[PDB]
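For this one, chain C is given, so just place chains L, F, X, G and V with the ligand on it according to the hints.
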Amino acid sequence: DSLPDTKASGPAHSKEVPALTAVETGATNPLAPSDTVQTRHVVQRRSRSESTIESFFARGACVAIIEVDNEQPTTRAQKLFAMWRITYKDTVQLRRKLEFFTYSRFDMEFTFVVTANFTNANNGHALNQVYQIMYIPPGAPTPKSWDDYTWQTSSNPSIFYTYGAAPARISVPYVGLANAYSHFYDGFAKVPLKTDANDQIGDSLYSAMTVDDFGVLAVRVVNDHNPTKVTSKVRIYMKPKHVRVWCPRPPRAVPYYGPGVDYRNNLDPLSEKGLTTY
Amino acid sequence: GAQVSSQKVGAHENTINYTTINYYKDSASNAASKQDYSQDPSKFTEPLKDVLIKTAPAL
Amino acid sequence: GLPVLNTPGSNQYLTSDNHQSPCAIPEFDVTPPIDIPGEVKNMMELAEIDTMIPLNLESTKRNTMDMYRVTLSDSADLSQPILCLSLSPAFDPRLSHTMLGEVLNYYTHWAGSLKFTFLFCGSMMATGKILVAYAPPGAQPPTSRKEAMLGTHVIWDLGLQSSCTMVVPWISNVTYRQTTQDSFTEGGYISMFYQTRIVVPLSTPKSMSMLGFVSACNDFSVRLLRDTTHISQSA
Amino acid sequence: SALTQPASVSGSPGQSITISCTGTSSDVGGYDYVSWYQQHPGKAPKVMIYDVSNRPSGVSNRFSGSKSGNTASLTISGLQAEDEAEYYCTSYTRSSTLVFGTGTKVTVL
Amino acid sequence: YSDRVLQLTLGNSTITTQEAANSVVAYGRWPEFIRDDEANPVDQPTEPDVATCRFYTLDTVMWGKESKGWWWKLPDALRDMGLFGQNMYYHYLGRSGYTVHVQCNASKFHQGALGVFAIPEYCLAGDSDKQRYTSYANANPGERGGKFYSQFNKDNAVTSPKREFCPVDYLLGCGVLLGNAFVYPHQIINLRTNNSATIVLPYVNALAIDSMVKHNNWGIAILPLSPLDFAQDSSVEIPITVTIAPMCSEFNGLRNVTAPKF
Amino acid sequence: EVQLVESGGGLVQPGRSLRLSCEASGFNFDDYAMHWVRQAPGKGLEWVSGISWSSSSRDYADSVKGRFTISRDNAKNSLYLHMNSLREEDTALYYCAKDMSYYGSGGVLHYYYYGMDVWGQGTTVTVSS
Ligand SMILES: CCCCCCCCCCCCCCCC(=O)O
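Those protein sequence lines, which keep their order, are chains C, L, F, X, G and V.
Numbering follows this note's numbering, in which position 50 of the first sequence is assigned residue number 50; successive positions increment by one, without gaps.
Numbers in this note's numbering are just positions in the second sequence, counted from 1, shifted up by 1000.
Numbers in this note's numbering are just positions in the third sequence, counted from 1, shifted up by 2000.
Numbers in this note's numbering are just positions in the fourth sequence, counted from 1, shifted up by 3000.
Numbers in this note's numbering are just positions in the fifth sequence, counted from 1, shifted up by 4000.
Numbers in this note's numbering are just positions in the sixth sequence, counted from 1, shifted up by 5000.
To be clear, the hints were calculated from the coordinates, so they are not data collected in a lab.
Certain hints may be false.
[What the hints assert, rightly or not] In silico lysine-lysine, DSS-like type, Cα no more than 25 Å apart, as pairs:
1. X:3067 / X:3046
2. C:241 / L:1025
3. V:5065 / X:3043
4. C:229 / C:144
5. C:144 / V:5076
6. F:2061 / G:4147
7. L:1034 / C:241
8. G:4214 / C:190
9. G:4068 / G:4162
10. G:4068 / G:4214
11. C:190 / G:4068
12. C:241 / C:79
13. G:4162 / G:4147
Isolated chain C (complex conformation):
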């Protein structure tokens, strides 16, 4: 797996000129240092192992933060349960790495980290808490209260996590509708027709393929409500596995603006430097 060695070379006086080329053809000149200067024989032992796709993508990255509360319910606005749409566009670090390529195909891994704290110092009484994380595929009914019938999880996957234990962990297969995920989509979902009564019959947003790509995650605490409020947050980490990619693209150069390819703010990424200054 080591890189190719370097061959010894001597002086040259010949009719063949490897130094001249024409980039108009759309090809890169495959030169080596021995083709332009004298070189010695060197056995090469460096390798490219740490640069493969698996090694490049073998890291867990944060993608979302979910906040839930636990206090005796009133009629005011409360967060006894929360819902989050699965997507990787809420953060930029993993999005930029994925967008080097047009299509991809991989398994997925999830890890959940949970933390909690008090909000008032009046009592300081609370027992250990248990969290439920339920996955709601598209088309399934969604909860309307923290204790309705939907939480029976008859057929939806669910995780029960007890506070203070090791982070939960899950694996998921390739769940795409097509043969590969599409990071970019140049099209619409509906097309207006001359016979339509009004515009909305065909109106749609540019580059949006489907409404619910993967569903939502619903989070709650199963414990009843203690005399004092307790607040918690759940952090989700993502790691691709068994990765394949096609059709490379240039990387993003300006700040993201929404889930599309739009750009608003800076548009001036390069700094100043003299033409003849080292």
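This is chains L, F, X, G and V with the ligand only, laid out in the frame that chain C set:
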């Protein structure tokens, strides 16, 4: 049914093997072997219909 | 049952580990793949492709399309350099945002040879010669052709074939250089000068532009992975 | 500019009354999003008809609506004393804005 | 034989050149039909061959001294090209490759350079605050194509949002520096070396076959890398022409005809 | 079931700034459009501003364009209205309303504002020198 493979040793003291087993039926639960291999970048660097040797003139 | 003893490191979470985990959707029916053109298996394949360099980056040229083109003329003083660079692919403001620089910015160490290619965009009736040189560190940066000629250099003759290539060989003391600003692992200097001059006949444009490209050789590699400073998120 | 509506309409108990709201092609005449609201003095508006002809749950069948050309109409049948209130029309505009009508007051004789 | 002289022939049409550089095959893959082990729909496909696989010529554009660029998209640019368009609108699904030939000639005393790029899934940015708000009619220009701009001016129309793009040239219209665009298949037309560019494009998509009226899977971008100049005058301008030919086309799901509103 | 509560109204001098607030409960506030409507004493209803399920889409009426601003915070189920350079003509009763938009026939988004089906009791703002 275990699987054994050879490590690529770095620092030495003074062949070494390691074992792996799969415990789950579904393939998505497996770890990453990372026994990857390379390819030729020709499809990106020289996509020309007629390929010319580097020492010959380009036109 | 079987007696066991827990070693240090139990119940921790390391983001770069590699372990098995249960699946949440057992017996799923996965869609078979197909043969899509253009598969990539290593990141260096992206670094081995030519891309333009924003050579100019003057005050009024930066962040506009004028930053890619360097101007040549037949009346320029022949005793002064055309352009100058510092061989630090991941830090120099000119090389940082190329494809090679973008790939390097995710890694801390690099090693190998580099190629520089230049394209002449003058008229068919123009002609001339140009000298481009590379000087390893440890001395005064070149400021005249008399000094630039002592290092590695190539003499370029303008003709039917519009492009010429220069190879920057691997010369260093350490086995790997760093991708950050550091004087212990500096790379050297690059410069270009006129040899003879540009000559044109009557009723022909007297000034013209030039373009430059950079890519890596087949012995280039990078090892230690890190994060990048080219992307940021506001609160 | 607000949609045109009559200042007031009067009718005797047991009769049927109609109110008209008019706009342009970038308005009622261009889209089917038209709704009617009812407001008693000192009370927040209440929705009576939406999507031209749909009734919200719990609304009496005595209310109905229709549209034609650039004009939309609200019809009240079996007029009662409690129907005395103000009515407004609303529509979506192609400039991405909602527009309210001038308003009409119903008087029961 | 020299590689500067080339001839192409498809259907009942032929093209000749005498100052070409070379031919490029994107990703080294040639167009082909669907295989049995990769099919998805079960209906019998239709493949007219000669009736659709031939060169069509778009309208010519004039390379001014102050022009910033042009862009097209496929198969959108070929909506009205006879039987190809008819088959596109009469069927639900479609698939085909393309061959692109760009023409531009000038004397030995001119100077300049054009960059020709073929981009898969060529998304473009909007012109207003509302994200992804561009409309179908404005996003599908036809053979007329579009243009780039030198700077981003935020739309402030009072009557209506106008729902159009606003591509910036040096950002390539999608938020990436133009210098890195050479990872895509490309060629350069340099007026002192050649006068045409040829690129062969296979079918690239995440599916074996997809709808043509909804999704565009290729994009063409032409940008002047070096501005045009001529001897001591500033009114000079020369034309540019683009020719395209579908290859290995097949259409599957038949129904009544579609009629988009533009 | 569904409740909307407004607050922040008061008395201010011309040319100064003020902010209003609206809290919502009983429904998935994170996934609906919202509106602001004002009623001058003894006058008809006037549409002020509206925001869709995405903060990008955000519209204003000509009478307040360039002066007012609308924003939402899905983490607290709160809707805000920022007013600057107030005028005596702005005195009116302000309502917080919920749109029935979204939930179209699948592949559609940034829908037109269908209309309002729930209204709050409103808060009073008075501008006087
Ligand atoms: C109990 C937890 C269940 C979690 C269910 C996860 C559902 C599948 C998630 C797939 C994530 C795919 C991300 C990449 C998609 C893309 O590239 O467009």
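Status of each hint after checking the structure:
no.	hint	verdict
1	X:3067 / X:3046	holds, 21 Å
2	C:241 / L:1025	holds, 17 Å
3	V:5065 / X:3043	violated, 28 Å
4	C:229 / C:144	holds, 21 Å
5	C:144 / V:5076	holds, 17 Å
6	F:2061 / G:4147	holds, 22 Å
7	L:1034 / C:241	holds, 10 Å
8	G:4214 / C:190	holds, 7 Å
9	G:4068 / G:4162	holds, 22 Å
10	G:4068 / G:4214	violated, 28 Å
11	C:190 / G:4068	violated, 32 Å
12	C:241 / C:79	violated, 34 Å
13	G:4162 / G:4147	holds, 16 Å
In summary, the structure is inconsistent with hints 3, 10, 11, 12 from the numbered list given earlier, while agreeing with the others.
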